[PDB]
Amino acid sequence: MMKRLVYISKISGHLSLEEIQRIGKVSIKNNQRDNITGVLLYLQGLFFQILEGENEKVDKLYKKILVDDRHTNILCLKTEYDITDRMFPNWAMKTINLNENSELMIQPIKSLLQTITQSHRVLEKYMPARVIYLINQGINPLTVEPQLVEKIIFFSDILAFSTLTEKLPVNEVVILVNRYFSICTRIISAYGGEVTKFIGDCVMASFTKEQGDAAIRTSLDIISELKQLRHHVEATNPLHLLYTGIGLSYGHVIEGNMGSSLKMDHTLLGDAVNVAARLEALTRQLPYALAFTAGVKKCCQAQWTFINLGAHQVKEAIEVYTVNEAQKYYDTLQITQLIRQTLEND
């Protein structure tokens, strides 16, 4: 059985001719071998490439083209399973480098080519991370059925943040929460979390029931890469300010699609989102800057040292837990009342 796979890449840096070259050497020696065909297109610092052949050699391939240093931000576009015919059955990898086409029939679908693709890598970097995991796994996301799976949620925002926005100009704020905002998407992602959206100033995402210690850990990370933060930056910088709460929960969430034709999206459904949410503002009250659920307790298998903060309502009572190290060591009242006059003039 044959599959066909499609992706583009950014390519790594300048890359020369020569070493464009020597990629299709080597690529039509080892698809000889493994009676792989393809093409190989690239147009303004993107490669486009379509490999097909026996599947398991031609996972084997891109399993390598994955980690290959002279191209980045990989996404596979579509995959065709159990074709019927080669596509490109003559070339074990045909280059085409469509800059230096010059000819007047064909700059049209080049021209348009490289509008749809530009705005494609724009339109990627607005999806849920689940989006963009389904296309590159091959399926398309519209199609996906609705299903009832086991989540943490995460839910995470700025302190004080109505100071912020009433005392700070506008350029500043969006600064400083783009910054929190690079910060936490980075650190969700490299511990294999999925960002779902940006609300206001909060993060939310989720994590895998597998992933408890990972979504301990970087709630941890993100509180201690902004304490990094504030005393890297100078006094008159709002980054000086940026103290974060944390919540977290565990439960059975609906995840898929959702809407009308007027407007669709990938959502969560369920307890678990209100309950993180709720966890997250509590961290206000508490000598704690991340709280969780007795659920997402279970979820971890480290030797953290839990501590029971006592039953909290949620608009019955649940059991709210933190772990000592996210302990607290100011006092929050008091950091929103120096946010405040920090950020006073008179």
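Positions refer to the first chain, counted from 1. First, how it differs from the form deposited in another entry.
- Hinge assignment between these two forms, options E56, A190, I96, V144: the residue at the boundary between rigid parts is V144.
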The other form holds:
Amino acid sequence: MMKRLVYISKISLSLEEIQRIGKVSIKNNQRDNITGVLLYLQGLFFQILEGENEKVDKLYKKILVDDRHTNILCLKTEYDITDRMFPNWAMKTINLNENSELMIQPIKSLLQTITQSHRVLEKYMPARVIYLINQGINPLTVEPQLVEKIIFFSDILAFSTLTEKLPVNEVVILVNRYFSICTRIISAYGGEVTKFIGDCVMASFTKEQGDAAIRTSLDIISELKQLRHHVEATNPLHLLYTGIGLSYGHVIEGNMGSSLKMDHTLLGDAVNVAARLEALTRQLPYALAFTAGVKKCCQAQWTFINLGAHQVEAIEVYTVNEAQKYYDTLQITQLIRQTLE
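Pass me the form deposited in another entry as well; I've looked at the form deposited in one PDB entry already.
Here we give the lone chain, stripped of any partners or molecules.
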């Protein structure tokens, strides 16, 4: 059984260094009955690989960690190929920058144009769809799956007051900083941010990442606390606080929409509960609020704190002792408004 892979990447690199890739590739691909082509053009690599499923996969894992390229995207995988596309070529390297033949110029220009455009579109794609494509899965074909998820929601305290008083550029700087911190920490704990909705960050963890979701939440709150006293009191970042809600439930995860517009969405009750628990933190002495189901997913010896039943009928709300606000929330929102007067 044989498969064929095509990927693109960003060149990180001397002309003689690329020759060394060709040299080694030809040797290894001959031994392993792998065939294919490597092209390069205006700082991008294009490679097609084909051969026995297992030898191709071992090579691709190796290519994934090669530091001579970054931002690798496997565009297409074919699983039960009958013929090789390049049966004579262990690894043929083609420098398309070198080809100035007039009849190849249109195709060369179009490949560069469409691939650069493709690379821009990738930046707006959701991580989960990027993952599916990388795994050889048709996002337009795969069925959504019911999965057990911890939903994470966070947003900026008194964000309407920030947007009312601050210039547009300052708001953007602040929001970008907030999104950067949240995204880096969520991703470091193995979570996936799903969307930004206004100033809100929506993310998800698996049922085995209960403690990681609490740690992520506590780490975000901690980094904002550091940031607020790192900056001068006139920097808008001095005013940046967050609240976080977590929920746990069955959600349907997948690609939804029509041929006119697709998106990657999570469907289910847990989404709205986590959002509502996020909003509830504004009137709690804790910056983090979550459901009994989230507590059930935790293994670590947190000092859980029962905050009673709250209408979202009414459910129990929990937090942990580390999430206690060192401040009174209403005074902070008034202080935020006075600072920008």
